[PDB]
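Please build the complete structure, drawing on both the sequences and the hints.
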Amino acid sequence: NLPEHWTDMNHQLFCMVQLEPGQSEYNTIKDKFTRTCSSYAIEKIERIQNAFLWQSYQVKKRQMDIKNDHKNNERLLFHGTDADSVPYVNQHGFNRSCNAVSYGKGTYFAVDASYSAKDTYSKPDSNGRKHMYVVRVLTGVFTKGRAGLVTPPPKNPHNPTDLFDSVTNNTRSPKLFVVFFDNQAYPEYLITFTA
Amino acid sequence: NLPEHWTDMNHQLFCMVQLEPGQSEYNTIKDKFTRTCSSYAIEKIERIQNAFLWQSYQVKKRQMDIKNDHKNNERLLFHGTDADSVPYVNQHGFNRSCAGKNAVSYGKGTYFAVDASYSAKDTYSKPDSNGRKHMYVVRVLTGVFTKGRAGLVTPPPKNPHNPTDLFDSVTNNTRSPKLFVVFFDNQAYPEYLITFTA
Ligand SMILES: COc1ccc2c(c1)sc1nncn12
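These protein sequences, in sequence, are chains B and L. Offset between the first sequence (1-based) and the working numbering: plus 565. Offset between the second sequence (1-based) and the working numbering: plus 45.
You may find that some hints are simply not true.
Quick list of the computed label-pair ranges, beta carbon to beta carbon [as the list claims (entries may be wrong)]:
id, chain 1, residue 1, chain 2, residue 2, range
1, L, 205, B, 664, 22 to 28 Å
2, L, 148, B, 600, 47 to 53 Å
3, B, 685, L, 189, 17 to 23 Å
4, B, 581, L, 205, 46 to 52 Å
Subject to a maximum C-alpha distance of 20 Å in a straight line, what follows is the list of computed SDA-like cross-link-like pairs (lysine to any residue) [to be verified]:
id, chain 1, residue 1, chain 2, residue 2
5, L, 171, L, 135
6, L, 203, B, 663
7, B, 626, L, 47
8, L, 106, B, 616
9, B, 709, B, 688
10, B, 632, L, 58
11, L, 112, B, 676
12, L, 116, B, 617
13, B, 670, L, 171
14, B, 597, B, 649
15, B, 632, L, 96
16, B, 720, L, 58
17, B, 670, L, 145
18, L, 116, B, 578
19, B, 609, B, 723
20, B, 688, B, 663
21, L, 153, B, 620
22, L, 106, B, 620
23, L, 166, L, 47
24, B, 632, B, 723
25, B, 626, L, 137
26, B, 670, L, 137
27, B, 609, B, 583
28, L, 112, B, 576
29, B, 636, B, 620
30, B, 688, B, 616
31, L, 112, B, 652
32, L, 106, L, 211
33, L, 153, B, 662
34, B, 626, L, 153
35, B, 683, B, 649
36, B, 670, L, 130
37, B, 670, L, 196
38, B, 683, B, 734
39, B, 720, B, 735
40, L, 112, B, 629
These are computed hints drawn from the structure, not numbers from a lab. We put the CB at the ideal spot given by N, CA and C, even for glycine.
Take a look at the structure:
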């Protein structure tokens, strides 16, 4: 069940598709980035078409939608990473086993591209090229994180196995989310940019 | 896609089903266990019916079967654990982030034994305060594997010039595997819980 906006992959399961500047899709993703990173220079935006990662993610989304009894479990967030991690993320997505982990040992996603645009995350390569993903994240029901978490806390100590879906720095006004399971995040776009 | 011989869970997503001795399903597991654990005695064998873990695992299995272009990707292995871990595993499966360092480490992942005798060690299946030991019987997507190394946080690449094309798992010995390490969620389905005692 591959999304309508994907382009044909000639019976293959993985493609990075460079977006056409000035078309609706490129404009939408560029605007999400320029909301907070208007001082940067965008080289390109690529759509990540990874059928396997999409499949596993959509299964987790369906499960979380059932568990939480609503379809408000997904957020579009940003993730800055170094060039050497990009091939791994494109093919395998986010891996907590691979910076600070102040809110738990998971994968960190920013509400604002400006946070992910920090050199500590989107490490500039030899040429100053920086890499940021636009990510579909199953944040679901979240709570405040803390150092040393390996999974989200339980929603009630009385049922230790019924967990929050993610944690954040601040429940009232979140700026970051941490997820602790594979296939809770789908890397949808890769932005290549410079300061 | 839930298996047709599972008990009806009346829209519930999770059930543990106590098996009857003399049923083929119980006897095959008891035989697999007693092959190497004949000094122990089984209290009970429970079938783990976890709809969400099954769905995610079967998706991974289909993907691995496609990628590897054969259906030799799944092994039935053992996993000894402490009583405090059983509720988590039943609900959420095997979390590498919680895994102990193995006394012989072939990587930082979840370990599964070919032989029940390995998993039966008190170091894994820690006897609880009532002397009950706990061992899972696990469908594991071992796929294509290589000898592991203690530094691994993912399986190694098949080819160093293509670092993202990975082995599916690692082992202690490719010619005579006795343990497998997996590094991803939903690569192992806890199918049965064996409760046993000395
Ligand atoms: C407080 O810890 C982190 C750690 C990593 C991280 C953030 C915050 S925001 C962001 N964007 N990409 C990566 N990250």
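**Q.** Hint numbers not upheld by this structure, sorted from lowest to highest
**A.** 3, 4, 9, 11, 13, 14, 19, 21, 23, 30, 34, 40
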